[PDB]
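Here you get one chain, nothing else, as structure tokens; it is the form deposited without the ligand.
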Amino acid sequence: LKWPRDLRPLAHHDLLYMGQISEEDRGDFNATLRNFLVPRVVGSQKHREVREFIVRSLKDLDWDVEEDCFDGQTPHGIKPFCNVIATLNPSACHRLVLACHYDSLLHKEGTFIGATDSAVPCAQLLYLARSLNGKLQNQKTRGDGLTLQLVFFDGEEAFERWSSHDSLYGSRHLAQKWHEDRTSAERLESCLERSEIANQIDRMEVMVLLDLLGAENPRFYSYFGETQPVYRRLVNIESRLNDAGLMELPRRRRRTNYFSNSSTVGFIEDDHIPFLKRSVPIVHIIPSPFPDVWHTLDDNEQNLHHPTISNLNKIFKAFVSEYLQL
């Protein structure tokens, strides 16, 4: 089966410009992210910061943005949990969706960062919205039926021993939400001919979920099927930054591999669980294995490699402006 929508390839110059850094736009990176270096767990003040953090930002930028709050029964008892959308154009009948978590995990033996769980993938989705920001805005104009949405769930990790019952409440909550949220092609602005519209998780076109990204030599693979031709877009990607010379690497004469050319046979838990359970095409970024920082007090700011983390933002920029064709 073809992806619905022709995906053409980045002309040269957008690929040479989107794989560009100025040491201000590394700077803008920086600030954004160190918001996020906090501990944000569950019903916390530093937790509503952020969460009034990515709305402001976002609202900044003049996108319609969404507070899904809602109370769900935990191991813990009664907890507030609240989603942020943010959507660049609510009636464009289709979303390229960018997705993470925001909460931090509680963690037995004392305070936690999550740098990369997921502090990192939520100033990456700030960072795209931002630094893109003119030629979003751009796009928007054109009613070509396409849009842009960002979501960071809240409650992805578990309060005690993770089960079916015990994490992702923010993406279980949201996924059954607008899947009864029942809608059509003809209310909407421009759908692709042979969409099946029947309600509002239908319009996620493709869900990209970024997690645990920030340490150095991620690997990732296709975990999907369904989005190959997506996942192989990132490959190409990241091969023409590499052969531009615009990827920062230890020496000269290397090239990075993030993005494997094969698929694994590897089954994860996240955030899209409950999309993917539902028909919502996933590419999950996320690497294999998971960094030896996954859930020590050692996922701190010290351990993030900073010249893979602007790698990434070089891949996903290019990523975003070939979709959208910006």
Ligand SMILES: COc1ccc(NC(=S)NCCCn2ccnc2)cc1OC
The other form holds:
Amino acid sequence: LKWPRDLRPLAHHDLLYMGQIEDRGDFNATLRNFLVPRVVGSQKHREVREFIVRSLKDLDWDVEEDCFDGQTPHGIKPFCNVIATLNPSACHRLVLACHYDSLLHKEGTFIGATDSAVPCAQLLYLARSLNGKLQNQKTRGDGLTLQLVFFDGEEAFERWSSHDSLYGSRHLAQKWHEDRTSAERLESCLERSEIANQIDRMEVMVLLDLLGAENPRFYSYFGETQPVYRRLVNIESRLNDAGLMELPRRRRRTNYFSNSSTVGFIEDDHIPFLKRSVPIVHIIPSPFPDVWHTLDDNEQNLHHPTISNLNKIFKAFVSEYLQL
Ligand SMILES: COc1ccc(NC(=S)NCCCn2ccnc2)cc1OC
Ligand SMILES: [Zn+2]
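Could you switch over to the form deposited with the ligand bound, since the one displayed so far is the form deposited without the ligand?
Shown next: the complete complex, the earlier chain at its head.
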């Protein structure tokens, strides 16, 4: 079955503009705010939450918090998902997502630079760097918008289990599934749309996780979103053709988005949405970074040229999907 939205290839001019990176400076300033331990229940976690909210409210986005208390192996804990929507009334959302909590590591202070400080900064960076074009797109009345979700409580408090993980994403998926709505209440839904609740408005969720290490390897995890995944492959290829990727030597190419699918199961914030038929693109590397869940998942183990390259792909992707 065809993707419900016709995916119009980015014009060369727009590819080149989106592939240009002061841009490094703004991104790094944003990232600095996330490179702090931010365990659920902590003051720094609160400060990170508030920084996300303020940053997006300053860009004139609608920002909502889904706050609740949940039982954990460490007792009751407070959680707050942050949901920012460019145009609340638009029927359909391109959803980009990540988690903003950091793992409570028993061995010491854990920064979670890839997991997921970088993805958090990347979402804010997209909103900031594309603001002018996004605000223009919002005026079109075309029924499509951008939505950013920063999930809380992705990490387990003890041993990962169905009950001890994904606290924020499980909560939000249930909340949205139970919140009934219909096309007549929303702006410009696609003709063939079946809208019965808020989750139906998530046209695709692109979940970023464990980004920032050198040479990530992505694969298509879901046949349902192959048409969308293939746009990432294509965009990356075109950025390389144009010489816009940062490589250690001339005449190398990035090959992050493999033109293949993998049979691998990864549990993450997409799971509660996947179970409710939300199409998922899971932008998570396989293998995971070497530093995964170690005290070495820190700022210095990030690979800045890779981050810049990913930012180009992501900007071009959002530009292509929203026709910015
Ligand atoms: C070390 O390499 C792996 C370890 C575990 C798994 N399997 C699962 S189900 N992981 C769930 C990860 C949830 N998460 C996301 C961010 N922080 C935690 C796969 C891995 O390599 C493909
Ligand atoms: Zn983790």
